[PDB]
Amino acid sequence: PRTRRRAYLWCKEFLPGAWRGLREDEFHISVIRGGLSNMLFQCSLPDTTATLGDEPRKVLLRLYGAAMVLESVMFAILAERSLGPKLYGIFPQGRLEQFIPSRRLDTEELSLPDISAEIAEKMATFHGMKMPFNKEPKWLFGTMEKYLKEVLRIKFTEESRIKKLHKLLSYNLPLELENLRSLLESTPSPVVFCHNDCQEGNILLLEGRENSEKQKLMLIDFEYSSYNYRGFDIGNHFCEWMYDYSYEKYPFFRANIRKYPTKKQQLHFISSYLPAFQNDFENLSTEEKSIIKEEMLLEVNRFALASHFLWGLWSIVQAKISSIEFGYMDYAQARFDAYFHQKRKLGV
């Protein structure tokens, strides 16, 4: 399109070497993810054109479509620190990032011992770093209260969605949030820099590193990241073991309660997290380690309720406003079913 030109100009003007002197009739762009927001494209030199210096042959273009300062600063910082794709270009419409040869993980891979251990280690790393953002943990209850406010105001026109929403509203979401509030306020959890969306779709498996045991993954997509309770980040990740967003028919996901990590799988994950986060931890006694882990299991199982609640509310608002083809109302109902299931399991 016209879009094609613009993208050519971005690459020509922002990228070094071969790119600088490149013609419009040599530009290779393809869609990776279309839509109206956060569109993703692959852009590349002709296979035929040689590279002057260090310039990449392929880049990823992200377009904002339809807090900008914050996300940009964070992405740049993560690039500088080698915990994210390099930033090659930034502009009002979007950015040019490094193209990492890789694929996203699938849902079932989250439970593989070595994958899970590395995710825990990466999360521990992310959690231990300093970022120029507000350190007060207002994000969790702030976001829930914001989405709850939207939810309570939403009017659907179509009858199907009116009834689905009516069933969700019948839980008494305001009162249930206060129930969650008293539970979580009685559960100490350290405030750390949280990814807040640590799912398979945000975890790259690096090409050529598949044989590495401990270093084959990169966490990406920090758009929800904030200082938050560590319980949320781990609990949210555990919840993600149940949800597979690759299903190709309506509602475009599958939920499987049975796939929530067992006590053993949770212990495996936190056994890998804790030494990467707490430098002393390795040197503690067996009983002290055991005490910490048992406490941490209670912590993250309770914060998993907020994952269900927050993303359930979020998903209701998305049904009203999103352009993505996804069964948002059914996903909201699946999160709320898991919320009540997890409360029954915990006895809270």
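In this text, rigid core is short for the largest set of C-alphas that superpose within 1.5 Å between two forms. Residue numbers count along the first chain shown, from 1. First, how it differs from the form deposited in another entry.
- Put simply, after the core is superposed between these two forms, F156 is the one residue in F99, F156, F277, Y260 with a Cα shift of at least 2 angstroms.
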Second form
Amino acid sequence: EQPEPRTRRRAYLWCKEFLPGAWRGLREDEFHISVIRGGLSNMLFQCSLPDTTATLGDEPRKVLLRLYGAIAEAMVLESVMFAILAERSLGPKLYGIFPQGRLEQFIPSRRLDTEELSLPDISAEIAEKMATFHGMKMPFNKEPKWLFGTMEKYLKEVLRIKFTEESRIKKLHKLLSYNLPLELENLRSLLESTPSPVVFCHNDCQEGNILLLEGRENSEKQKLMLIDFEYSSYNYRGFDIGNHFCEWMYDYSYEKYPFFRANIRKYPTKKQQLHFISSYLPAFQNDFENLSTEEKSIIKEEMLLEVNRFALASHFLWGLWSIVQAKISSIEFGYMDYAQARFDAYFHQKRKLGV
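To complete the pair, please output the form deposited in another entry; the form deposited in one PDB entry was given just before.
Only one chain is given; partner chains and other molecules are left out.
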């Protein structure tokens, strides 16, 4: 609820010095702060004026304080990107930036639950928002090295790690038995033969990174915001959509070990996939709706092949990622069980595609 007394005091000075109006002349004893998220990295706090204090101009009543904590040229990219999205009215406003963190617009909202991804109005808007993200010019590397670069890097770490615990040695032995280095090379040749435009991708578009905006619940459209662009890069479009479709199957809010639920049957049906891309394509491609019914159908069918092939890379990348987390992460989670779930889905999807 309340933060440590040292971070209360640091938060007070940051707010007092970076925010205009009533903030400039606020006393420590009138400063309201409360935790939104703990951890050792990207701690969130809500900072606010007293309800009895009047604003003098257009300064916010409440802001979000983000402390980096345990983390250079990762911070400039994220900071520039955040600033750019704020200027374009695609993200929260940026009120303050300093070495320890930043002050952001506080958006009254909650995150989505996994089940909400299949609500047709939610799915259609995630598609429209993702299409808008993909149309953005960003001053980052346009070479799509991120996907295979990251898979190669995680695979290298996976082959070199040894466990001592009996359960983890048995689980790792099963995963290595798939011949991951060979499977990676089969995946490379499949995806190289699968045309997918290079676009600015979120790379982690899941329920936990989608805000439902308070007061907008009754609106069909324009009630969501995409956040948390930690993994964002120029990447194959197919991966961003494929990864999103995969995330229909995974719930990270389960309160008992292994702290996730996986359900292969929750993957979107062809009808749910077509609903999603029917909203994506007109948002991404000017006057898509004016094309012939036959051309629209052909583009849609090709895109389903594309995103369902790139979905394999979602399973592979996050599967490898989870094995590495099993060794190095201090967050309590069934990393090895999650890896097995991703590889089970990888082979299930391989069978469905006939590849």
